[PDB]
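Take the given structure of chain A and dock chains B, C and D to it, following the hints.
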Amino acid sequence: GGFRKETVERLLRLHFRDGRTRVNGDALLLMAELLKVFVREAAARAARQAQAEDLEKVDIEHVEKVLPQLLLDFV
Amino acid sequence: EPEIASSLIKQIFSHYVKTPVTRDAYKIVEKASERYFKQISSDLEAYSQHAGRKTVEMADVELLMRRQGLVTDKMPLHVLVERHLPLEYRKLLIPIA
Amino acid sequence: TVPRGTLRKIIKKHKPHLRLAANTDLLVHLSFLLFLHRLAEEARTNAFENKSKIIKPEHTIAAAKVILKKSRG
Amino acid sequence: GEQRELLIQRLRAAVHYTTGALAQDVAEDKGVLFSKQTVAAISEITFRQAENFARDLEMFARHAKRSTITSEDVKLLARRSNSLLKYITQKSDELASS
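Protein chains in written order, with this note's numbering: chain A, 1 to 75; chain B, 76 to 172; chain C, 173 to 245; chain D, 246 to 343.
The set of hints was computed from the structure by calculation and includes no laboratory data. Among the hints, erroneous ones may be present.
[Stated by the list, open to error] Taking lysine to any residue and the SDA-like style, the derived pairs with C-alpha atoms no more than 20 angstroms apart in a straight line are:
no.: 1; chain 1: C; residue 1: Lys-184; chain 2: B; residue 2: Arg-128
no.: 2; chain 1: D; residue 1: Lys-320; chain 2: D; residue 2: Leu-340
no.: 3; chain 1: A; residue 1: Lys-36; chain 2: D; residue 2: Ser-316
no.: 4; chain 1: C; residue 1: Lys-242; chain 2: D; residue 2: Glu-296
no.: 5; chain 1: B; residue 1: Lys-102; chain 2: B; residue 2: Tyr-91
no.: 6; chain 1: B; residue 1: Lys-149; chain 2: D; residue 2: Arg-300
no.: 7; chain 1: C; residue 1: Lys-242; chain 2: D; residue 2: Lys-320
no.: 8; chain 1: B; residue 1: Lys-106; chain 2: C; residue 2: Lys-228
no.: 9; chain 1: B; residue 1: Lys-149; chain 2: D; residue 2: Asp-301
no.: 10; chain 1: C; residue 1: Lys-187; chain 2: B; residue 2: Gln-124
no.: 11; chain 1: A; residue 1: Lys-36; chain 2: D; residue 2: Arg-257
no.: 12; chain 1: C; residue 1: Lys-242; chain 2: D; residue 2: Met-304
no.: 13; chain 1: C; residue 1: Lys-225; chain 2: C; residue 2: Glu-213
no.: 14; chain 1: A; residue 1: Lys-57; chain 2: D; residue 2: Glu-273
no.: 15; chain 1: C; residue 1: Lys-242; chain 2: C; residue 2: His-209
no.: 16; chain 1: C; residue 1: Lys-237; chain 2: C; residue 2: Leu-205
no.: 17; chain 1: C; residue 1: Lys-241; chain 2: D; residue 2: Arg-325
no.: 18; chain 1: C; residue 1: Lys-184; chain 2: B; residue 2: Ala-80
no.: 19; chain 1: A; residue 1: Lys-36; chain 2: D; residue 2: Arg-255
no.: 20; chain 1: B; residue 1: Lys-85; chain 2: C; residue 2: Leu-205
no.: 21; chain 1: C; residue 1: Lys-187; chain 2: B; residue 2: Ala-134
no.: 22; chain 1: A; residue 1: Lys-65; chain 2: A; residue 2: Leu-55
no.: 23; chain 1: C; residue 1: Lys-184; chain 2: B; residue 2: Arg-110
no.: 24; chain 1: B; residue 1: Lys-113; chain 2: B; residue 2: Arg-141
no.: 25; chain 1: D; residue 1: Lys-331; chain 2: A; residue 2: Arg-40
no.: 26; chain 1: C; residue 1: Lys-184; chain 2: B; residue 2: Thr-130
no.: 27; chain 1: C; residue 1: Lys-241; chain 2: C; residue 2: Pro-229
no.: 28; chain 1: B; residue 1: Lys-113; chain 2: C; residue 2: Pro-175
no.: 29; chain 1: B; residue 1: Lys-106; chain 2: C; residue 2: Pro-229
no.: 30; chain 1: B; residue 1: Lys-93; chain 2: C; residue 2: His-209
no.: 31; chain 1: C; residue 1: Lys-181; chain 2: B; residue 2: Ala-80
no.: 32; chain 1: C; residue 1: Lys-181; chain 2: B; residue 2: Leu-83
[To be verified] Only part of the chain B face toward chain D is listed, based on derived beta-carbon distances under 10 angstroms:
no.: 33; residue: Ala-121
no.: 34; residue: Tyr-122
no.: 35; residue: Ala-134
no.: 36; residue: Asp-135
no.: 37; residue: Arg-142
[Claimed, not checked] Simulated restraints, written as ranges between beta carbons of each label pair:
no.: 38; chain 1: A; residue 1: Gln-69; chain 2: D; residue 2: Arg-257; range: 20 to 30 angstroms
no.: 39; chain 1: B; residue 1: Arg-98; chain 2: D; residue 2: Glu-273; range: 50 to 60 angstroms
no.: 40; chain 1: C; residue 1: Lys-185; chain 2: A; residue 2: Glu-53; range: 41 to 51 angstroms
We put the beta carbon where it would ideally sit given N, CA and C, even for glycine.
Here chain A stands alone, though its shape is the one from the complex:
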């Protein structure tokens, strides 16, 4: 699976602070791969966390416990 190129594009556009700012194509593909990696990472760090607490369910507190470190290692 993955992220829809268009939705990436509309997502990036949403936050731009100057109207004229735009994104090329191969960019959009890479921003896609990048987003995928961010998500698979949050998911896996949270899962890691849960699993190391001997839990079957990865719960929101796991996303928080791993969140700050994730934001750091990443951008």
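Relative to the frame of chain A, chains B, C and D by itself:
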């Protein structure tokens, strides 16, 4: 071989901190300083080579401090200069305003 | 007050053919200062979390890892 | 203004669909269930991080006097993780070969 003073770094750090600090802890702070200057060096190489220049301009730095999280919307660069820079150094940055 | 030339000298040592301009080293200086400021804020809070009244290497190292990360471009 | 809010929703819930998908895959590999709230979070978090990838990419181009974001801009963005930068530079050497 060249760097800013061990003693100056110590001074500045123990100023911003206001706590007694083990000698060995300043050892650490100095190492961290050697690393900081290394890193931002490589960065500014990048930012400059990105805008097509072989020289680091002032906008490369503001871009840096923005990218660090130092310069932001609710805290703009002219403020940091105003607060943390010695009068003599801001005069050349804030010729007036 | 600034060992400015020492600044240009440090960078030259890391990036030799990288030449600086204007007062740019004053901003590089400022970024360095604000780095120290962060490392301090952070290290102090690591001590106060350690129930310690004193900055010890363990605290400074923790901080260096984090603030040094926050420092990347 | 309202048209914007609608774009917001289509997007947020979009990144949610894909988030939940990626999320399941990790779930199968690791053999653990993610709560719905868990994926919710990972989703919002992704959405927020987008704002900074955005504003930093804007910055990154307009620093080259340019309004159009390149592969170079993503690479610069991704410089701050050596592992991460290695990987996206790979993905761009695949994508560049056409």
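* To do: Hints the structure violates: just list their numbers, smallest first.
  => none
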